[PDB]
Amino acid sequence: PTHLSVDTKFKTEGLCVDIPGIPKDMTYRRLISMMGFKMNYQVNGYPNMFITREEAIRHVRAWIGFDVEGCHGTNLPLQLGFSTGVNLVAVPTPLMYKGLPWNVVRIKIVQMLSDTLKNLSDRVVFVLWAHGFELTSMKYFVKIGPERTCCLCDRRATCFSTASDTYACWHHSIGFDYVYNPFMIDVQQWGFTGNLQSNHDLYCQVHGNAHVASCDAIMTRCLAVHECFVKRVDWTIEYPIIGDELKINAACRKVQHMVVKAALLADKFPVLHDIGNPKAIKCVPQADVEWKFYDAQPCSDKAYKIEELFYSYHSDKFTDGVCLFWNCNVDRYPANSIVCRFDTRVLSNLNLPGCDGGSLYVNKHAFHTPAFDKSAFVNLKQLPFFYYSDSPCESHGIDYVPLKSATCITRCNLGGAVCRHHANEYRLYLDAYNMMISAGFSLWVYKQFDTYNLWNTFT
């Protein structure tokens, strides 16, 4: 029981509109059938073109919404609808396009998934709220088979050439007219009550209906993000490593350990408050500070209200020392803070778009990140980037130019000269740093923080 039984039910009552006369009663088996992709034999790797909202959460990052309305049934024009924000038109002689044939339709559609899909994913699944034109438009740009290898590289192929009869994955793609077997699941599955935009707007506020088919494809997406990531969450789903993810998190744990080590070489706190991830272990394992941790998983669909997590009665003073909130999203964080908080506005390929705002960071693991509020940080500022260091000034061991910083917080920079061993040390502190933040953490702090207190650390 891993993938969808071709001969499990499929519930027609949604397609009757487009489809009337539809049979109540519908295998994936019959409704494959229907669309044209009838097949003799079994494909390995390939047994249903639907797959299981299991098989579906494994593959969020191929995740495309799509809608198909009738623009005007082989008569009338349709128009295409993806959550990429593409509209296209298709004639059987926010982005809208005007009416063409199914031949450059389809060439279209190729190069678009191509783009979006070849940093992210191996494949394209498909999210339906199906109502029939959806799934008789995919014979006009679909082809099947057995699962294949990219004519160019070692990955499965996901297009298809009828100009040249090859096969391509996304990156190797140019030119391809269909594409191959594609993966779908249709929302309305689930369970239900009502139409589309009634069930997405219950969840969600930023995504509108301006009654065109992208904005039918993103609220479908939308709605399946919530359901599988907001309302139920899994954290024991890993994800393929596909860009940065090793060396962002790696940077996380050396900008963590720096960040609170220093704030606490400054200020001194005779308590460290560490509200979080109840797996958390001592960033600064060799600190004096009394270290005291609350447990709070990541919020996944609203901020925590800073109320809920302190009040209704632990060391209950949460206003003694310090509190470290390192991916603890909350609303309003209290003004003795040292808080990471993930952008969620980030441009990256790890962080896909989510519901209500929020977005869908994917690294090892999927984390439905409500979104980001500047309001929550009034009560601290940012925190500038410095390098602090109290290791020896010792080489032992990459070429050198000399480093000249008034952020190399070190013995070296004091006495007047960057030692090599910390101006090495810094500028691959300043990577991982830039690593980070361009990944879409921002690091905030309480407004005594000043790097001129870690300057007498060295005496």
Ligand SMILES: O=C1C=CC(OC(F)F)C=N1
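Switching conditions: you have the form solved in complex with the named molecule, so give me the form deposited without the named molecule.
Below you will find a single chain and nothing else.
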């Protein structure tokens, strides 16, 4: 059972207001035919337009919410809404566009999907709360057939052009007019009571209902993200590399070792409380400190309440030494903390919009992250950039312009002239640091943290 069988039953009750008289007994096979598409008994990689919840989860980067509303069928204008916030009006003669015939609407659809998805996925997954008009509008902008490759590259085809009779991926589809072999999933098939707004509003206050198709499209995709990544979490699913994943993860480890190593040297805490991932390793293995670990998996719904993580009876005295929260999201960090908190508002190809202000950060695995909250950091301050090193000043082994920086905390800089080795390492560290920050990570530290305390470790 890799794919969804076309002979699987589809509950049609949600469809009967737009499609009155629709049979109760319905399969995907019959529904696809009713949508005006012909499958022709084809064993060519596209067995069904519809996919399973498990196939949808593996392809979350392709999710595009889609809703169609009657503007007043046949000669009835339709408002096509997408979770990108776009509303297009198709005539059969929060951005709102005036009514235009399908021949030009389809060009806009292909441009919009290609720009949204080219750096995210090899396909499109239309996320629906199906009532009828969305399924019946598909024939006007969608073509299907065997799985194909792009005319200009090796990627799978996502678009077709009637002008040239050719196929293209999201990167080479300029001027293309048809969406080719898209996928779709109907959230109503999952078993819900009541309408879309009543199910969406149970878990989210950020998306409102301005009574337009894009609002419904956004709510549908949000509800799907909540069901698949908030109330149900699967960290075994692997996602492909689409950007700077490897560099970001390597930078995260480098910055963690740097910041924790310097905090221990500058303030000499006798104990460190490491709160978070149950598979955590000591990030500063040579430190003298009593290292104590506390298990907490990544919170995907609301940030952990500090009172539940720490109280209800471990050193028990979390107030002793320092607390390390490396991507362990809490409502209010204690004053004696070293913190790395992912900022959900960051715009990137790894960060997808999520539920109730949260975001879906997809880097090797998918992590729904609760909304970034500035009040969580009131007992702390932003951690400034700095580079520290106690390693010998020795080159061993890329040209050189002399480094001058007040934040290069090394013996050579204390001595008045940064050596080549420490200048190379500083610049590499700065690149890693900027990579991590730009990926959305934010760093916070206890107010007494002062890098001036690091210079005296060079005696």
